[PDB]
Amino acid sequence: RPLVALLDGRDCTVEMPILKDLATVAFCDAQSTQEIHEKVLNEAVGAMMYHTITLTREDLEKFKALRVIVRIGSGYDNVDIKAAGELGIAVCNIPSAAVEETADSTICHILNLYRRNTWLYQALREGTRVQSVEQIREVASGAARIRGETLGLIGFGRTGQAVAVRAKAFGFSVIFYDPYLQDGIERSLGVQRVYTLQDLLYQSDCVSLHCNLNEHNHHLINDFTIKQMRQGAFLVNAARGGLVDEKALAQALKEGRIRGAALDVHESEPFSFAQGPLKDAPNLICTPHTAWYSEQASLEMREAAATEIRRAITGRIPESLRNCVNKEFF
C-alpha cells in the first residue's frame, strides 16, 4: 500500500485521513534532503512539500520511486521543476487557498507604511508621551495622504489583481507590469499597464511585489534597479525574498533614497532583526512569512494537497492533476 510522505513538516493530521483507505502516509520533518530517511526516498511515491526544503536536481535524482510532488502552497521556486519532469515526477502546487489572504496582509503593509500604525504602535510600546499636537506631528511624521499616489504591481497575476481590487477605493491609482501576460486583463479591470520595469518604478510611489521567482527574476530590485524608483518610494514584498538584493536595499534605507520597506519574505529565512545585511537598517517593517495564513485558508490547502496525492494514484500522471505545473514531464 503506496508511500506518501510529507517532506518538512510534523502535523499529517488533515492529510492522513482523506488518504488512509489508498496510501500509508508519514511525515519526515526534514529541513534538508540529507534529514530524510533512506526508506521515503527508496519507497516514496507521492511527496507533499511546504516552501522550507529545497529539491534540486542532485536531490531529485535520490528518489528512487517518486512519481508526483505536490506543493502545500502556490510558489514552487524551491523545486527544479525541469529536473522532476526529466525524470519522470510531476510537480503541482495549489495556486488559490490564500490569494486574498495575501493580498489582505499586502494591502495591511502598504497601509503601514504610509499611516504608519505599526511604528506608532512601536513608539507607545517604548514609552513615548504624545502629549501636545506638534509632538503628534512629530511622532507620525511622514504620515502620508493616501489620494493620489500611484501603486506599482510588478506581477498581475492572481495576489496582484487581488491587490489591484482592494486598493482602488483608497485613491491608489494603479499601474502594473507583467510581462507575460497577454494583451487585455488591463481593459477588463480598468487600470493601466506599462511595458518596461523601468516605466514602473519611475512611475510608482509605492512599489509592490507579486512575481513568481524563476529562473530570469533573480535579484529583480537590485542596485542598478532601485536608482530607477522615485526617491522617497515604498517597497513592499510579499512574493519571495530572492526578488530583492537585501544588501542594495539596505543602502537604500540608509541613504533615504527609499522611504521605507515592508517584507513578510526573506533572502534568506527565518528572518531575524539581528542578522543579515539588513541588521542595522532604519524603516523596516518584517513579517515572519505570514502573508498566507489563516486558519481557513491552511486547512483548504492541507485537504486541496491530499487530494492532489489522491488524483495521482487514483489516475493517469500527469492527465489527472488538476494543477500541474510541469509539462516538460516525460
Second form
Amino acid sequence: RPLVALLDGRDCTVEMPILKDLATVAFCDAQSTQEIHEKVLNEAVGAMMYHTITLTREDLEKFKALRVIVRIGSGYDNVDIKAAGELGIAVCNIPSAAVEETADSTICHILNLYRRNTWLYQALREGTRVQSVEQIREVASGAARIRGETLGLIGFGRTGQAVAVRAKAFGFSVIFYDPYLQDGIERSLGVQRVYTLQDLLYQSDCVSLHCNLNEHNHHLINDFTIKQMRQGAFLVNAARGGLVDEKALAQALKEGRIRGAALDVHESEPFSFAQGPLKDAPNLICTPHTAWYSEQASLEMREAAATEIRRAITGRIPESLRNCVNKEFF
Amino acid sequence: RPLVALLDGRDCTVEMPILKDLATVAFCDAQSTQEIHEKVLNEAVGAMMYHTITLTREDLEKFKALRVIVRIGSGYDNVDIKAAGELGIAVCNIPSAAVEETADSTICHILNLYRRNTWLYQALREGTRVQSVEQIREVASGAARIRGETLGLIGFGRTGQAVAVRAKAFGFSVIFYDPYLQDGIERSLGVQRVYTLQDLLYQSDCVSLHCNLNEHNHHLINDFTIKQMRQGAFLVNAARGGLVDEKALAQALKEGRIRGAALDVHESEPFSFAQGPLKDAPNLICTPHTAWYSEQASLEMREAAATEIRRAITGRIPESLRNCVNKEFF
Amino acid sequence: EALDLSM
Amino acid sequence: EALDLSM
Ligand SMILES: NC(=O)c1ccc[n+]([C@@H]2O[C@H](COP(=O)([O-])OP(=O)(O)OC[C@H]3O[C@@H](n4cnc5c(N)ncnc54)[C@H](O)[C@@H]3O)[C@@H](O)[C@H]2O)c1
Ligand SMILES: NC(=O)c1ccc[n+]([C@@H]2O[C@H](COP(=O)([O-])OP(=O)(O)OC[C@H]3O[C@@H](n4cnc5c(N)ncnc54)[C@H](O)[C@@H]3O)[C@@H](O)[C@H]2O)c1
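What does the same protein look like in the form solved in complex with the partner chain, given that the last one was the form solved without the partner chain?
Now the full complex is given, and it begins with the chain already shown.
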C-alpha cells in the first residue's frame, strides 16, 4: 500500500480512517526538511503538510516517488509550486474550509482595536481598580466610534469578501485594493475599489491584509509604505507574516504613527512577546496563528485533505484533483 | 445663578462651557450619598450623576431645592424614579448616545467567546510557545464555528436591536424575548420572537442580556434558570450586574454547564478578579463597565446631559425636557 | 475649574 | 496509530 506521509505533524486520527484501506499513513513530525526519514524521501507517493515547514526546489529534488502534496490549509507560499510542477509533483490546497473562521477572527481583531476589550481584560488581570467614571474613561482611553470609519482591505478574495460582508453592519465604509481581480466584484458586493496601494493606505482608518504571500508582495507594508498610512491608523494582519516588515511596524507603533496593531501571523513563527522586532511595542495584540481554527473547520479540512490524497492515489493526476494549484507548471 | 451639582464625579470640562452662563456648576465626587455637601442638599436645583451611586426615596427627601436629575447614561435603575416624581423631581436619561458602542462591545464579547482571541492573547502574555499545529489546536481548543448557532437576546430595545443587525452577517439565527414590546418588531427586522424566558434559554447557544434592570428582573439568570440553558451555552452580560446571580454562574462555569461567560457589568462594582463570587471561575472574560465608552460617545452624552439641564433651568419642567423618564409619577 | 464640594 | 518516521 503506497506510503503517504504527514511531514510536519504527529496526529493522523482524522486522515487514517479515510486512507487506511489504500495507503500506509505515516508521520515525520519534522520542523525542518533535514528531519525527514529517508524512507519518506525514497518511497512516499503522497505528502500532507501544514504551514510550519518550507519546501524549496532543492528539497523537492530529494523525493524519488512523490506525486502529490496536499497543503492542509489555504496558503501555499511555503512550497515552490513551480519547482514541484516541473518535477512531476502536483500541489493542492484546502481553499475554503476556514473562510468564515478567518473572517470572524479578523472582525474580532478590528473590534478588539476599536473597543479595547482585550487590553481592558489584561488591565483587570493586572489588578487595575476602575471605581469611578474618570477611571473608566482613563483605562478605556482610545476606544473609538466605528460608524463612518474606512476599512481598507488589501486582497479581496475569499477571506477579504467575508470580512466586507461582516463589516458593513458596523457602519464601516469598505474599500479594497486587489490588482489581480477583473472588473465587477466591487459592483456586485457594493463596496468601493481603489487601484493602487497608496490610495488604499491614504484613505483607510483601519487596514486589513487578506492577500496571499507571493513573489511580488514580500514586505508590502514596509518603512516607506507605512509612512503613507493615515496618522493613527490601525493595522490588522491575519494573512501572512512576510507581508509586514516588523521593524517598520515596531517603530510606527512606538512613535504613535499607528494607533494599534493586531497580528495573527508573524515573519518568524512561533511568535514570542520576549524576542524579535516587536519586543517592546505598545498597542499590540497578537494571537499564535489561530484565525483558521475551530473544532468544525479543522475536521472539515483534515477530511478534505485526506479525500484529496484518496483521489490522487485512485484517480488521475492532476484531473482527479479538486484543488490543484500548480496545473500551469505540472 | 442656580447651583447644579455633579454628584459622583470630578470632571466638569464638557458641561461647564454649556452651563457656565446660567448655573454655578459644582462637583461632590461622592461614592455614597452621605458624602454630599449639605450645600448641595440645601441649594442645588439640578443634579448630574453616573451609575456609581444610588438614590433611594430616603436620599431624595434630603434635597430641599432639587428639581431635575439627569443620568449621564441610559440606565436609571440606580434612582427611585417614583419617589423622585412624588417629590417634585424630574429624572432624565441620555438613551441613545452609546447604542452602537454597546452593540459593538457586545459583538466583540461574543466573538471573544467563539474565537478565543482574548484568552489566546493572555496565553501568549504568559509565555506559551505554540510552535506546532497540535499546539495550535491545543491552545485554541474550544473555538467554535458560528454559522448556524442561535443567539438569544433578552431585551430587544435599542442595544438589543443593534446587536441583531450586526449578528446576522456572521450566520447567527437571532431570537429574542421581550415581554413588554407590542407585536411587530420581529416581522420588521426579520428575527424570531419567543414568548417565555424558558423558550429563549432552551433554544439558545449564546445568550446575551439587553434589558433594563427593573423591579421584576433581579437575578433573572439564577440557579433555577441557568439549569434551563443549553449544556455548553455561552452567556454575555453587557446590561446590568443585578440581572445575573454570580454564585449560580460561578458554579455553572466550574462544572462546565456554561462553556464561557463575558461580563461588562457585575453585581458589585468595581469588579476584581481577586474577590467575590467569581473569584476562581474558569472561562470568564470581564471588562470594567466600558461597553458604552468611546471618545465620541462620551462627548455626545456629556453635551446631551448639559443641554438637558439647560432646558430644565430655562424652560418648563417637565415639558421642556427631551428624555424625562418619570412623567407618569411627576 | 468647577466648584469643589467634596468630602 | 500512524507509522512513526520521526527523527
Ligand atoms: N491567519 C490564518 O490562520 C489564515 C487562514 C486562512 C488564510 N490565510 C491567508 O490568507 C490569504 C488569503 O486567503 P484567501 O482564501 O482569501 O485567498 P484568495 O486567493 O481567495 O484571496 C487572495 C487574494 O489576494 C489577492 N492579492 C494577491 N496579491 C495581492 C497584492 N499584492 N495586493 C492585493 N491583493 C493581492 C489575490 O488577487 C486574491 O484575490 C491566504 O493565502 C493565506 O495565506 C490565513
Ligand atoms: N454596559 C454598559 O456600559 C451599558 C451601556 C448602555 C446600556 N446598558 C444597559 O442596557 C440596558 C438596555 O438598554 P437599551 O438602551 O437597549 O434600553 P431600552 O429601554 O431601549 O431596551 C430595554 C428593553 O428591555 C426590555 N425588557 C425589560 N424587562 C425585560 C425582561 N424582564 N425580559 C426581557 N426584556 C426585558 C424592555 O421592554 C426594553 O425593550 C439599559 O437599561 C442599561 O442598563 C449598559
